[PDB]
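**Student:** Next come the chains, spelled out residue by residue.
2 protein chains.
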Amino acid sequence: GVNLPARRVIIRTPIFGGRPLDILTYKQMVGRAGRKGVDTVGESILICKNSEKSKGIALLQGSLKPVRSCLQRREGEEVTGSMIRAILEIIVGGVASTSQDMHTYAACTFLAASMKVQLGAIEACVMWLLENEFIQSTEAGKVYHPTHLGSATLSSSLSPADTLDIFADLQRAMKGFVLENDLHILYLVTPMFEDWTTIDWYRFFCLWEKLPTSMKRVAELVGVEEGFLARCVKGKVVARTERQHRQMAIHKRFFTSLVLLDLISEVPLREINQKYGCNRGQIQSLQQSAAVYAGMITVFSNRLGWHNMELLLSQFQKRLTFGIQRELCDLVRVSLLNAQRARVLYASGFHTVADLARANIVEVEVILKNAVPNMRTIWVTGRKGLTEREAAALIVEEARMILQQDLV
Amino acid sequence: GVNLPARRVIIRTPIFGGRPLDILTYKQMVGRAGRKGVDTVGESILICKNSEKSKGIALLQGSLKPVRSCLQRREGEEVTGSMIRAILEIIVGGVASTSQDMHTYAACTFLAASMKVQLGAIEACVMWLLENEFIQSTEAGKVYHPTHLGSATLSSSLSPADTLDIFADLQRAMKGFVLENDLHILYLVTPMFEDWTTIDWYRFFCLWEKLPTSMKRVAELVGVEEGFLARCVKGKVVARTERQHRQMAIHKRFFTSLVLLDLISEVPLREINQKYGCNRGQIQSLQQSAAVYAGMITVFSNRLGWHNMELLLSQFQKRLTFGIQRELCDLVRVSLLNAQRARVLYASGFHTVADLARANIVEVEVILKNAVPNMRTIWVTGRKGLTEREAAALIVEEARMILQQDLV
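Line by line, the protein sequences give chains R and D.
Under full-length UniProt numbering, the residues of the first sequence are numbered 449 to 564, 577 to 600, 606 to 838, 858 to 892, in order.
Under full-length UniProt numbering, the residues of the second sequence are numbered 449 to 564, 577 to 600, 606 to 838, 858 to 892, in order.
Heads up, none of these hints are tricks.
In silico SDA-like pairs for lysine to any residue, Cα to Cα no more than 25 Å straight-line:
no.: 1; chain 1: D; residue 1: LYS717; chain 2: R; residue 2: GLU591
no.: 2; chain 1: R; residue 1: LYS475; chain 2: R; residue 2: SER517
no.: 3; chain 1: R; residue 1: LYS513; chain 2: R; residue 2: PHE464
no.: 4; chain 1: D; residue 1: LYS699; chain 2: R; residue 2: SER616
no.: 5; chain 1: R; residue 1: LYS717; chain 2: D; residue 2: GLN636
no.: 6; chain 1: D; residue 1: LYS699; chain 2: R; residue 2: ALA600
no.: 7; chain 1: R; residue 1: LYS640; chain 2: D; residue 2: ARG696
no.: 8; chain 1: D; residue 1: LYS701; chain 2: R; residue 2: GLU591
no.: 9; chain 1: D; residue 1: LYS699; chain 2: R; residue 2: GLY770
no.: 10; chain 1: R; residue 1: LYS699; chain 2: D; residue 2: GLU593
no.: 11; chain 1: D; residue 1: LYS701; chain 2: R; residue 2: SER597
no.: 12; chain 1: R; residue 1: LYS640; chain 2: D; residue 2: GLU685
no.: 13; chain 1: R; residue 1: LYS501; chain 2: R; residue 2: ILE463
no.: 14; chain 1: D; residue 1: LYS699; chain 2: D; residue 2: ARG711
no.: 15; chain 1: R; residue 1: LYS701; chain 2: D; residue 2: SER547
no.: 16; chain 1: D; residue 1: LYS868; chain 2: D; residue 2: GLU882
no.: 17; chain 1: R; residue 1: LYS699; chain 2: D; residue 2: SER597
no.: 18; chain 1: R; residue 1: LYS681; chain 2: D; residue 2: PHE642
no.: 19; chain 1: R; residue 1: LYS607; chain 2: D; residue 2: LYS701
no.: 20; chain 1: R; residue 1: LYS783; chain 2: R; residue 2: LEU726
no.: 21; chain 1: R; residue 1: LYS640; chain 2: D; residue 2: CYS671
no.: 22; chain 1: R; residue 1: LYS717; chain 2: D; residue 2: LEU590
no.: 23; chain 1: D; residue 1: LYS681; chain 2: D; residue 2: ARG791
no.: 24; chain 1: D; residue 1: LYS834; chain 2: D; residue 2: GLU882
no.: 25; chain 1: R; residue 1: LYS675; chain 2: R; residue 2: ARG696
no.: 26; chain 1: D; residue 1: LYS681; chain 2: R; residue 2: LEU635
no.: 27; chain 1: D; residue 1: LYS701; chain 2: R; residue 2: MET587
no.: 28; chain 1: D; residue 1: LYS701; chain 2: R; residue 2: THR612
no.: 29; chain 1: R; residue 1: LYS640; chain 2: D; residue 2: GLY641
no.: 30; chain 1: D; residue 1: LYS701; chain 2: R; residue 2: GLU599
no.: 31; chain 1: D; residue 1: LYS640; chain 2: R; residue 2: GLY641
no.: 32; chain 1: D; residue 1: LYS640; chain 2: R; residue 2: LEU672
no.: 33; chain 1: R; residue 1: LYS717; chain 2: D; residue 2: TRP588
no.: 34; chain 1: R; residue 1: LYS701; chain 2: D; residue 2: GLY606
no.: 35; chain 1: R; residue 1: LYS640; chain 2: D; residue 2: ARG708
no.: 36; chain 1: D; residue 1: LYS640; chain 2: R; residue 2: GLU685
no.: 37; chain 1: D; residue 1: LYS607; chain 2: D; residue 2: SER545
no.: 38; chain 1: R; residue 1: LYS699; chain 2: D; residue 2: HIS613
To be clear, the hints were calculated from the coordinates, so they are not data collected in a lab.
So here's chain R without its partners, still in its complex pose:
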C-alpha cells in the first residue's frame, strides 16, 4: 500500500492466512528494509519454526513467477470475461468493425506476444455478445454493431456477464419502485458481496424483526425471505446450484444495503459496528466500492434512457462517498470538509458553499474550535494536520475558488 522505510523488517511466520507466503509479497516486505540515506545496511529476519524451515528457505531463495495473463481460456472454458470485455470494447467503440479486424486486434495482445485457439476464442466471444445483442450482426463477411444494451456496458464499465443481471434487476425495480425510503435505491447500487465482512446471521434476523415496515416492503420486492434467514440462523447453508447462489446473494446484498442506509444517514461508525458487527475499515472499504458502483449504475441507466432512474441514483455517488445527508452534498464540494466538518458548519448555519465563501474566517475558526471537541487538531488527508486558524482560512478561500471555477 505505502512506502515505509524501516531498518529491521521482521516477518513473524513464513505462513500467512494458512498459506505459504507469496514471493511477490515477501520481496515487497523485505524490500522495505533499510532507511534510505540513514542506514548503512538494511536487515530482515524471517522468524521461522523448525517445521517451517523448508518453506522459509524457499522464500529467501525463490524468485517471482513469470507473468501469464488472464486471456488464456482454461480447460472447460470457451470464453473468458477479460476477452469478452476486450471484444466488446473494440466493437462498441468501433475501432474493430469486422472479424478481419478482430483477429488483427488480438494479434496485438500480450497473449499473442506470449504465444509468439485464440482465433476460436475471438469467435466464441463474438457469439456470446451477439446472442444477447450487446452487438448486432449485419451482412457485408459480417459487420457487427452495438445495441443500446451494448453501448451501455461500454460507457458504464460494467462487466457484461453481470450486465444481464443488472439490466433485468433495474427493469424489475421500475415495474414497482418503493420511493417511501432510500433503501430500494440503495439496494440497486450495492455491490456484489465479495466477502467484505463475515455476516452474523443471528444479528441479521433479529434486526429483520425490528426492520421498519417500509424497509421490509422493499425486502419483499428485492427477494428477501424470512424463512431463509431463519434457515441461515438454524445452521450452515450451502449453495450447490446457480439458482441457490442467486438466492443466497440477495440476502447478503440486502444486509449490505442496511449498513449503507445507516452510513448515508450519518450513523457513527462505532454504532454501526455495535449494530452490525462490521469493522470500521470494512464499512469504509464497502463505502468506496458502493460509491464506485453507484456511478456505474447511473451512467448505465442514462445510456439506456431510464431518465427517472438516473435522477434518483445520481445523488448517491457523492452521498455514498462521503456518507452524508442530502443537505451536506453541497458543502462537501469543499474538499477540506468531511461529513463531520460539514455537519458542524451546516449546524451553525452555513448551509451552502456560497454562504460559506462569505463567512468571516474568525467565525469558521470559532465554530470548528467549539464544535470539534494548536496541536494540529484537524487532519486533512491531502496534508499534515492543520490548526483551526489555518484550516478555516483554507476552507473560506477554497469555497471562494469553487465559485470562481463554477462561474468560469
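Take the given structure of chain R and dock chain D to it, following the hints.
**Tutor:** Showing chain D alone in chain R's frame:
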C-alpha cells in the same frame, strides 16, 4: 403398444428420425410378421437403398444390447436422480434407517448384481437429501428421519430434484393467488414442457395481445414477459444457463396452460388445433400427463397441509382427464360417458348420476339418438362399438350400480 399381426411387415427405410433403427424397435416391428394360425410363414421386407445396405444388414444380423441400469453414475456425476429416489424411498418409508442399512439395501440392487464407488454414491445421495432436509440426520453413527418435505415428496411420487422448484412455486402462488379464473391453477398443475408440440411463437404472441386481462394478471404473477415473447418472435432463442433455461420454460409452461384452459372449457379439438397448431394426439397426450401431474400436486399439498391449495387443486385431475366443465364431473363417474355424451345428458336435464339412474332407458336412447348426430353408432373404449339401445341400457344400469357401490 398393440398386438397387430400382419402377413407382411414392410419397413420403408433403415433410417428413422434421422438415425438408424434401434434393434429392439426393429425386432418389435419384424416380430409382428405372421398371423398366428392363419399364415404358413411371416414375411418382412426392409426396403433399403444402395447407400444404406450396410445399415440394413446390421439391423438384420444385429442383436440386442445387454440391459444396464440407470443407477451407474456417469463420469462427472456425483449423484443420479434414480439413486436419490431409491435412497429417499427407503429412508422416508423407514425400511432403511442407518447407513449400515443403506449399504445393505444397495447390495440388493441390480447395479450391485451387475458389478458382482456405490458406497460413495449412497453417501452423496444422503448428503443431498440431508442438506435440503428431505431427511433429517440425528445422533445415534447417524440415524436419518424424513421431514414433512421428504414425506410429501415421497407420497406425491414427484422427483425430489424437481420438488424444490414445485415447493417454492406453490408457496409463491399462495402469497397472492388469482382466483378470478382457473388459469393460475392450471399453471401449477401443468407439467414441465416435454416437446409435446412445436410452439409457433408468432401465434403465441398474437394471442398474448387478445389474452384477457384476468389472464395477463396471472402471467405477470407466474413470470411470463412480453419482451421475451418478442425475442422469440424476432428469432431463435437459446439457453446457456440455468437462469435462461427456466426463463424459457416459464413461457412454454404458460402456453401449455392456455391449451389446457381450452380443454378444461370443452373447446373442440379442431378449434384448439386451429387456434394453437397442436395435433389432436398432442392435445390428448398432454391431457394424460397433466392429469397425472394434477394428482401429484394435490397429494403434495395435502401432506404439507396446504389445505386451501388441495381444496382448489383436487377438482382438476378428473376435470383435466376428461376435459369437462365442473358440472359434468359428477355424470362422468359413469365410465360409458365421455365429455360428449355427458354434455348431451346434461343438456337434456340429467344433471346427476342419481337422476340418470332414475332415467327411463327409452328416454336415454332418444337423447343419444338425437343429440349424437344400427352400425354400432357409439364407440366405448372398453368395448366394440355399441348400439343406442345397448349403450343407454348399460349407462342406466351402471349408474344404478354406482349408487349401490357408493351406498355400500
